[PDB]
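A single chain comes next, written as structure tokens; it is the form deposited in one PDB entry.
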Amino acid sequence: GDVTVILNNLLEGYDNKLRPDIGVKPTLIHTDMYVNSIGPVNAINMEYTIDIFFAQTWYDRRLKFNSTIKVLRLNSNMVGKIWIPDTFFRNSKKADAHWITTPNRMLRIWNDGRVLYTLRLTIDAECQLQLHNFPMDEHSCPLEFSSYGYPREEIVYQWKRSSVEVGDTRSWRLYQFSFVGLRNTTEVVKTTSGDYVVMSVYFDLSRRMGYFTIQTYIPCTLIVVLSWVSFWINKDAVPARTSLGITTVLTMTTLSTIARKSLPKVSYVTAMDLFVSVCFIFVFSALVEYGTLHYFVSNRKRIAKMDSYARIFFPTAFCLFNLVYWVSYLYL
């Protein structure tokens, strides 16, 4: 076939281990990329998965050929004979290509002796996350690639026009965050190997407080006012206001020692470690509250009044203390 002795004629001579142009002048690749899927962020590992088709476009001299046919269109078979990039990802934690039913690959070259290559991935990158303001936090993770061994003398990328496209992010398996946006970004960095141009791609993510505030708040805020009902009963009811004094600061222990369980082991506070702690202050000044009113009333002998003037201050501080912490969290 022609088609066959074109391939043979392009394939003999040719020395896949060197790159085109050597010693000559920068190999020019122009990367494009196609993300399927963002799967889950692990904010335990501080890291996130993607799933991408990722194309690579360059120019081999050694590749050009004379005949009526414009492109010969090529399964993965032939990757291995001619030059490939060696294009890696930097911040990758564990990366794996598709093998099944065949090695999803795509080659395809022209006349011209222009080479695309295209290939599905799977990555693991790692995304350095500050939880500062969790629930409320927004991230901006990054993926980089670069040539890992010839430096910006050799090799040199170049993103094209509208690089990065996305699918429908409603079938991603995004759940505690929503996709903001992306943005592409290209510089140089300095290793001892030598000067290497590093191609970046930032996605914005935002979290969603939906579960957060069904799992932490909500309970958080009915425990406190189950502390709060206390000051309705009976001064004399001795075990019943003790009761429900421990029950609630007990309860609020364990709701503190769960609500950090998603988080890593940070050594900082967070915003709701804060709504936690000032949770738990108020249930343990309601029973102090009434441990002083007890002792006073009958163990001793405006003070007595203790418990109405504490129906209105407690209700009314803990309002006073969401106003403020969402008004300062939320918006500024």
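Residue numbers count along the first chain shown, from 1. What changes on going to the form deposited in another entry:
The listed options are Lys94, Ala271, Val225, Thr118, and the one placed at a hinge of the rigid-part motion between these two forms is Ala271.
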Contents of the next structure:
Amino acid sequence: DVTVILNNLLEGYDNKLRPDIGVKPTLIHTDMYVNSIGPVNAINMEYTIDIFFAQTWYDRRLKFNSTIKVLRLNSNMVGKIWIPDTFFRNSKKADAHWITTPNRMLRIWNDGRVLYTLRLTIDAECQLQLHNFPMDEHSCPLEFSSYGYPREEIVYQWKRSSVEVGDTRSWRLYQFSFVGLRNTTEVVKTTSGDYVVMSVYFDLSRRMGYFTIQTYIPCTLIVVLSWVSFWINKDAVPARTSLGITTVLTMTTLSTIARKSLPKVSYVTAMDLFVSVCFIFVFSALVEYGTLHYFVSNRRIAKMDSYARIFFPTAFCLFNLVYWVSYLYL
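The form deposited in one PDB entry done, now the form deposited in another entry:
Left out here are the partners and the other molecules; the chain alone remains.
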């Protein structure tokens, strides 16, 4: 019964030709279900995503008159009929799934409507702007289109339930938080022709909890710690010198962690600015004592410690006020 219907459809069917070739563009309705957005690899400028990708079009060559409304099939019939050559334009690496069987679904209705869904894991490309790191926000895209069919032959269109997500907590985002999702449509002109490109943008915002405890607070404490020398008597040369130089060594150790999870970008990030300024503050504290020690012993000036007790805490608070306003709000 069903075997006869399947055999009749495949008889006299050429899969080299798209439906309605030479008549009108093939309209394709696409839906995406994001199973999980994997980790964002800032070093390689990429992210992982697992989706169920669905495509729906009309093929009048597959009409069948029968009591059956829809034929529900497995991946066996995928290679027998025409399938759109949809590919992801910003994908560094993509793989389908085959365990235990090819994870594909093909459903054909009696009026010729074809539903084709498959599961994909995509390592899409995302160009991260890290000028505001670790207070940075990104919108990583995901673009797909037909590889060979221009806008005059294949037209893509979002269905009403375009992009759907499940439990955002189950996702593998350690450093970012999902904060929104958009979908667009446009025409991209290439050498081969003009193609309809559909994009999905995922908005991500980095969480600053780890960087505050590990970098911002320890760096701030050491800067405050280097101010202890200003309250030590200037006669205690070994005490103020050892305190000053050990804070510089400790600050050098902390400066290692500044560039750990991000690529070797050659512009000053927000994290680098804070660490470098904190290093200059502890650098200037030791230089301040060297000037005071020389004039008092080796040779307003005598009151330099009095002004250092006020200027150094004030200048650091001014810097923090400018730093945390220009990045958090402005």
